[PDB]
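Colleague: This is what each chain is made of:
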Amino acid sequence: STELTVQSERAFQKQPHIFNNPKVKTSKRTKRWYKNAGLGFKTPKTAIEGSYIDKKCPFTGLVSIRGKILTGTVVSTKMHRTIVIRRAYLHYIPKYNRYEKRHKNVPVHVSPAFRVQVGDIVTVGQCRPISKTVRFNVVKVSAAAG
Amino acid sequence: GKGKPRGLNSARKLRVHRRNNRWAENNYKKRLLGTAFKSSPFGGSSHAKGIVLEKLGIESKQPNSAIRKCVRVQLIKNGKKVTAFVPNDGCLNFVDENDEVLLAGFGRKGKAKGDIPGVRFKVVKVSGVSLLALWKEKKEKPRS
Amino acid sequence: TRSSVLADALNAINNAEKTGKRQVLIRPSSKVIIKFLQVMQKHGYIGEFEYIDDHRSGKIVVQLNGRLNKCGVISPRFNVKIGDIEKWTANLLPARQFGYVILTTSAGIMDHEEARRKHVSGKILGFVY
Amino acid sequence: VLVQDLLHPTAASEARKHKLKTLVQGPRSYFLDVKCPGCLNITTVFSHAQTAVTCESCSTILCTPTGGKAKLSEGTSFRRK
Amino acid sequence: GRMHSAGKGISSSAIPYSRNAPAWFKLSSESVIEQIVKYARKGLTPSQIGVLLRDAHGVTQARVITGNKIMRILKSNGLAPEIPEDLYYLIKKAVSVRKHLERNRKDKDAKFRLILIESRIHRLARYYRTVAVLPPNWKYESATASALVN
RNA sequence: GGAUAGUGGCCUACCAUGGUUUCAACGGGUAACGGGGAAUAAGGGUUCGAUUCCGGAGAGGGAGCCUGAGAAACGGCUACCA
RNA sequence: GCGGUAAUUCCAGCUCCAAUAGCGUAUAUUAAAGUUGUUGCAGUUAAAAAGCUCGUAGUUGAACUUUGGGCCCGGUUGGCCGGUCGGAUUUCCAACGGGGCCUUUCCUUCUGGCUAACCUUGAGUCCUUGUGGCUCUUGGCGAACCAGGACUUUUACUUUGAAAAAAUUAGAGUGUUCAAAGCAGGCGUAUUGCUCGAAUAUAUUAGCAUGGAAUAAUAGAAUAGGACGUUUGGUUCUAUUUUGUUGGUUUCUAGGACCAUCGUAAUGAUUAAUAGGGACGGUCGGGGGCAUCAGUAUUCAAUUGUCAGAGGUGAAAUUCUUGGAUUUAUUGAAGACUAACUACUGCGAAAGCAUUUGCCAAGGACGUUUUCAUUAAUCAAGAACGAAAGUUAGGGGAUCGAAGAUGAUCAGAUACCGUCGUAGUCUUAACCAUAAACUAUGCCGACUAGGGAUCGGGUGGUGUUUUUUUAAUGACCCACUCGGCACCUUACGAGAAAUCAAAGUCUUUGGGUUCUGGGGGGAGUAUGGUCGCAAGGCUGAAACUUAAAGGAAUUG
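Residue numbers (my numbering), protein chains in the order written: chain A, 1 to 146; chain B, 1 to 144; chain C, 1 to 129; chain D, 1 to 81; chain E, 1 to 150.
Check each hint, because a few of them may be wrong.
[What the hints assert, rightly or not] If you anchor each label on the Cβ, the simulated ranges turn out as follows: (1) E:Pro136 / B:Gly7: 49 to 59 Å; (2) C:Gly20 / E:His4: 35 to 45 Å; (3) B:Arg6 / E:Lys8: 19 to 29 Å; (4) E:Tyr127 / B:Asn27: 17 to 27 Å; (5) D:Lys21 / E:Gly78: 20 to 30 Å; (6) E:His122 / A:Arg102: 43 to 53 Å; (7) E:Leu79 / C:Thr19: 56 to 66 Å.
[Stated by the list, open to error] Only pairs whose alpha carbons sit at most 20 Å apart, straight line, appear in this in silico SDA-like list of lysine to any residue: (8) B:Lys69 / B:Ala104; (9) D:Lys35 / D:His8; (10) D:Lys81 / D:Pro37; (11) B:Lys61 / B:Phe94; (12) D:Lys81 / E:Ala21; (13) D:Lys35 / E:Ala21; (14) D:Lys69 / E:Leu52; (15) A:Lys78 / A:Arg102; (16) D:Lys21 / C:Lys81; (17) A:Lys95 / C:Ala90; (18) A:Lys95 / B:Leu8; (19) C:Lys21 / D:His8; (20) A:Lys101 / C:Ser75; (21) A:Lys95 / C:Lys81; (22) C:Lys35 / C:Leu68; (23) D:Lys17 / E:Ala14.
In case anyone wonders, no lab produced these hints; they're calculated from the structure.
Virtual Cβ for every residue (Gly too), placed ideally from N, Cα, C.
Could you build the full structure based on these sequences and the hints that come with them?
Modeller: Next comes the structure, spelled out in structure tokens:
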């Protein structure tokens, strides 16, 4: 569950059209923009005080949350900024009248204002597809048993 | 008891077990490998036009004795040589060599009838008429 | 081992009433069993009965009276959409003027006539006639 | 039989049954109160005792553990409680 | 009946109909707690503590006389055993049978009983890692089997 | 960053080894276009659906592109192959 | 199945039967088919319980945590009701929960927006004497509805609603002349027109709003990093509104969060499953392994003693014999074996294991006012063991002994019978992985009927005996109990039946679950795969063929 420095790659990670004016004495140490996610969900305090960028985040970021809202547990965490959900559910069969246990996987974009690991029932909404698998951004988290 | 898993979630176990016990039904595997369109002499057809090669004396089974006056034909579409029965009385003499007859199944899906051994088929027409009409003298055959 | 104590208790009921005894003992219990037996009692298939709070399970001794043809469970506690309750009671009861299949409605354990009264349904537990 | 007070059975029928099939399941093991002839202290001794029972005074054995009920050593005074 | 046999026996122990007070007892609660802790610090296991308190002291059981059970009060007072004791006794039996195998190879029925004992250890230890008295991995291993018993 | 109508490994540089799977992945068959439905029907079902409608896909095989709001159009062009 | 000389089946005629402007045929899917089975099969013997356990997935899993309306009703305790020689009741009657009826029916709460209607009075006017009656609020009443919050364990389940294109389908209206159909049409005042219509149902999982909180899982608070809070500090941000306004700094309060103090508290751990795992006890058994020990027998050898046969067989012959064969005796060696005890007994997962003694570790059951507290049940892939025959090299190798030799018996005998004889038998190290591994009966569970013996453990007995004297047992007897291999009778039951205490508790059909069979051959063959030194194992069809293959039982 690792993090990084301020700037790492060959660009300078900032947000678009946010201009920390060097001439005026910035009493505050940044101009950190964010938004409210809606659907009753709360921006974490870590997001506002934080120092990541992640343009794909619903918080301090440029994508938006709409479409389906879902939950699920976390089975993989070994990517960079993405986890892998397992929406466990039951499938009916008409003929046998009996359920059958089934699952999918739906990898979502873990933002670095959210500390997740294996366990961690999360809640996560749809956010204008990010890469080939990931269409979902995590918005709320919770632990597993303790 | 009873064997089967009666569980309210056991349906994939139930359905796999059914799917794999279906093949012992003679007809589920017979369609689903594709065995009519593979190695039955016809390709799912009911009749096939054929060419007469030979006239065969197939002698009947045990509680009978008779020589059955069958014919040995070759398919057009596929090249198979196959026995065929020439039905009712005197209609062997209505067929000569290479008479492009029409073959049907025989009444039991593709097994024999009664006391011809091994034959599957029959002729219904010769070169474009019939055999009922020829046998009851109500049609005369064109000459090629 | 000990899968469904409803089929265990009804197993004893049916066996004793098959063989003509007049009462029965049942070792485990459950509040599912108590609500099964209150329904059988107030429809009138069972006389008195008595919880014995042996500290472990609570045995139950049932003063049967005859007048009972069969009890049973339906072992997956199947869901029942409220149209399919008649498909059930057709499938597994002997007529259309007696016999009670027993649901598990969210309004409680009831039988199918009370299910159509209170206009609610859910699983199925078993049946009695 | 067909009918019997399964709720209230006779004490003969009750005494002739196992520890568990009795209607309330309960023990048969009973504590004893033993004084040795040597000392005068009372010791509370399990009937089916599993250790070599001694007294805190005078270090003598009281009960040898065996198959079922514990075999007391010699004549020592015991009251069944 | 059993986990690993053809045996269907039922010898057991029936706690009497009493939540409390075989009233003729009349010793104490805290002093018999200190009795438990003294025998425990003498190097006794919870089961052996219980049977000695039964036999030589007439104690019914500690859950009755003092409210709560024995390994619980050990785990309170800080004399807690590290691995649970029934898992400990299973591992002890496993090293015994393993010693006997490495000194007597051709004893294959004893290798089968070894299979059953390693089975019990995996099942019970699986349970203890689920309810988190172990670390969640704990890595029970055949070569370090001597390390927990010696 | 380019490309695009626009998101997007769609592509490129760089940087991590990830992602899927005995709850059946990947690979094979098919006489596989799918769905609306059809047949047979006690109930539970089983087989079929090229076909009068919706959605798809193709204009001999395969790619490319002008025109145009819209086509990888073929009752358009160009290339090859048959 | 007819047809082999008088064919109720062929070929004709006569007569009839059925479907009828249609009838037959071929082939394929559907019903028949409870012959694919979830409802709903079957496995002792008909096809079919894996050799046996272990075990991951899957599937399943003991018990336990309280309920706002009333009208009618019945059921139990009960009191003023006791009449009857301690019972004998009615009902003016509370509630104890229980069955219908309309609804209490609600979302738990702040932040105030805003109050419908006021506790009224702000005084008397219109009008019947006036709390009749409004125009009105200054002291009250928010939920009749709004949005910034916090209620927040998530579901699986079920009720209701919106979607569930058109045709189709079910069906409502309608005389298309009936109708298959269509969406029409119908009435006048027919001369200057009126009008109904073209419904409804259904659709599913998946969603999406909504009520229900039983069932079924899931979270808490134990090594208190807990909630309460009016508390007491201290930290950090926080950043509105007033400072004319902007931007910066600081007083402030607000709002988080965190950390210690005292306070608040019944402070907090559900049973202990005739579930299971452990601990301890005295036992028990032909459980395994390694030693070690013994027995008689067979064969061989030496030493004798004696005289013509000795084997061997259905009767014989092969062979051995005056160089003493068989027997006798003495002694020794060699190997396997473990009889008499030997059973309707034990033990082990099974194959299997019977000499003593010792060690090595195990193990079932019993006893348990001990322990932990669901730690389980069943098992695809997977692994262990796995009789005997095999196979690879040893060391043994006596007896029996496939192949082989002969001698017999025979129409022939490369077969049974006789005499030998290698591999084997035995074992160490290594493969193999099969059997009628058969109780041809999966496994765990609960219930259903009489009995007497049995093994192991326990308990009781004014029981017996041993003797030295009662005591200590130990054995025996009586009665019970758990476990165990079986048994004997009946059928309530099951079955096609022989038969069965499980093969019962099944059409009146469902306790958890694993495999297996779907007519007979083909065929455990083909080929692909894996394992094996090899013999062969596990996986495993098709072509085509045939109306049977069969299963208990009756009579011959």
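Colleague: Decide, hint by hint, whether the structure agrees.
Modeller: Each hint tested on the structure:
At roughly 29 Å, the beta-carbon separation of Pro136 of chain E and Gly7 of chain B lies outside the given 49 to 59 Å, and the hint is violated. At about 42 Å, the beta-carbon gap between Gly20 of chain C and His4 of chain E stays in the expected band of 35 to 45 Å. Distance hint check: the CB atoms of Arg6 of chain B and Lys8 of chain E are about 25 Å apart, consistent with the given range 19 to 29 Å. At about 50 Å, the beta-carbon gap between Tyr127 of chain E and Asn27 of chain B misses the expected band of 17 to 27 Å.
Take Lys21 of chain D and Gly78 of chain E: their Cβ atoms lie about 43 Å apart, and the range 20 to 30 Å is violated. Evaluation of the 43 to 53 Å hint for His122 of chain E and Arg102 of chain A yields a failure: the beta carbon distance comes to about 29 Å. For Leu79 of chain E and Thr19 of chain C, the Cβ-Cβ distance of about 57 Å falls inside the hinted range of 56 to 66 Å, so the restraint holds. Straight-line distance between C-alpha atoms of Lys69 of chain B and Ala104 of chain B comes to about 17 Å, which keeps the hinted pair within the 20 Å bound.
This hinted pair does not check out: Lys35 of chain D and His8 of chain D have alpha carbons roughly 39 Å apart, beyond 20 Å. Taken as a hint, the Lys81 of chain D and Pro37 of chain D pair is honoured in the structure, with Cα atoms around 19 Å apart against an allowance of 20 Å. Taking the CA atoms of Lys61 of chain B and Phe94 of chain B, the gap is near 26 Å; set against the 20 Å cutoff, the hint is violated. For the suggested pair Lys81 of chain D and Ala21 of chain E, the alpha carbons sit about 14 Å apart, so the restraint of at most 20 Å is met.
Using a Cα cut-off of 20 Å, the hinted pair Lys35 of chain D and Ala21 of chain E is violated, with the two alpha carbons roughly 24 Å apart. A distance of roughly 16 Å separates the Cα atoms of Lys69 of chain D and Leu52 of chain E; the hinted pair therefore holds under the 20 Å criterion. With a C-alpha separation of about 23 Å, the suggested pairing of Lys78 of chain A with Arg102 of chain A is violated against the 20 Å cut-off. For a cut-off of 20 Å, the pair hint linking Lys21 of chain D to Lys81 of chain C is broken: about 43 Å separates their Cα positions.
A C-alpha spacing of about 19 Å is found between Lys95 of chain A and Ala90 of chain C, which places the hinted pair at or below 20 Å, so the restraint holds. Only pairs whose Cα atoms come within 20 Å are accepted, and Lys95 of chain A paired with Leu8 of chain B is accepted, the gap being roughly 13 Å. For the hint linking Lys21 of chain C to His8 of chain D, the alpha-carbon distance of about 17 Å falls within 20 Å, and the restraint holds. At roughly 19 Å between alpha-carbon atoms, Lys101 of chain A and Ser75 of chain C fall within 20 Å of each other, so this suggested pair holds.
Only pairs whose Cα atoms come within 20 Å are accepted, and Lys95 of chain A paired with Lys81 of chain C is accepted, the gap being roughly 15 Å. Note on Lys35 of chain C and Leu68 of chain C: the hinted pairing holds, with a Cα-Cα distance of about 18 Å set against a maximum of 20 Å. Under the criterion of a C-alpha separation no larger than 20 Å, the hint pairing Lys17 of chain D with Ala14 of chain E is consistent with the structure, at around 14 Å.
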